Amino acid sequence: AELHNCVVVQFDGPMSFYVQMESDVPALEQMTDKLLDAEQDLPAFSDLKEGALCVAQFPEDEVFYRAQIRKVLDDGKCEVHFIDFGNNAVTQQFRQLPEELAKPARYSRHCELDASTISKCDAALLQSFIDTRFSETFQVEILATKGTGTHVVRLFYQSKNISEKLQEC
């Protein structure tokens, strides 16, 4: 079947994880470069509301990324979702995202495994298997894209069904 190379950037479990497709890497690198070049000159963003798109700083990295506000908290804090990296974090630093940089689609993709492709044991072991190879390349077969944008996929490692590479199960 049609397999696409990707890297898993966030993994809460088989039914909910995020990937960055190899095909989108060039565009993501261009986005990252453009954001870095304009970063210092971007004015403050103060229209904090759920759903708002902006540039926000990830406290753990201190780097600015494209972000969507998920929850408005107290003291100018907001829980945001970094659309190009699939992770959420609470931050207080927001800058305006140029219209041109808001046009590109998110570069991280939410996925959920076709539940029939793994066993109960596989599901439990996948967490540790993935955590050990976070920077490694995996492949996904996209079976469908839900109305929410989420891809239902079959996961592969070294082009083999993941269940085959999970030797302990």
Second form
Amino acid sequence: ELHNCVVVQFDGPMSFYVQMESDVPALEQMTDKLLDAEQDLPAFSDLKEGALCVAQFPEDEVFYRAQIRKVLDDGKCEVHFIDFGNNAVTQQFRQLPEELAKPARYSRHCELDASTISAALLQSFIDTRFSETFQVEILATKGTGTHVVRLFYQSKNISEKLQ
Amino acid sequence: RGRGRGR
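Output the form deposited with its partner chain bound next; the form deposited without its partner chain has already been displayed.
Everything in the complex follows now, all chains and molecules, and the chain you saw is the first one.
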């Protein structure tokens, strides 16, 4: 079975996040709810590795559910946007209502079986299609939540592109 | 990119 998705982040065949076409509705709501309340959210100042909050995405100037990854200098923190998959450095953090923290992350961490692969060529191939639909076959869900899959692009297991 | 970016 193949699931429609959008590869939003891609650091390699071992580490890349995607968004399932089915979590799109919920994510769309998360966005409305976080935009409808963005301005009234109190400042979140407990910056510690792992903490959940709502951080501002430099490109958008928009706040998204995020998880702090590292504490840098002068308020700056490397955050991870759980519903997307990309990272960023920002200084703008706000509290995350517990009702809007209950939902699961809407982007899924993935990887292809290293056992079947042996890279800058595929990287550009994926990024050149950031705005296009792919397909995943979830072969398993690793113990840490990371999916092990096979990536398709209009029916070509992109694995054909790996030597 | 992605979805539900909002802007």
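Residue numbers count along the first chain shown, from 1. We call the rigid core the largest set of C-alpha positions that still match within 1.5 Å between the two forms.
> Could you tell me the distance the CA of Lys77 travels between the two forms after a rigid core superposition, in angstrom?
For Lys77, the alpha-carbon shift amounts to 1.2 Å.
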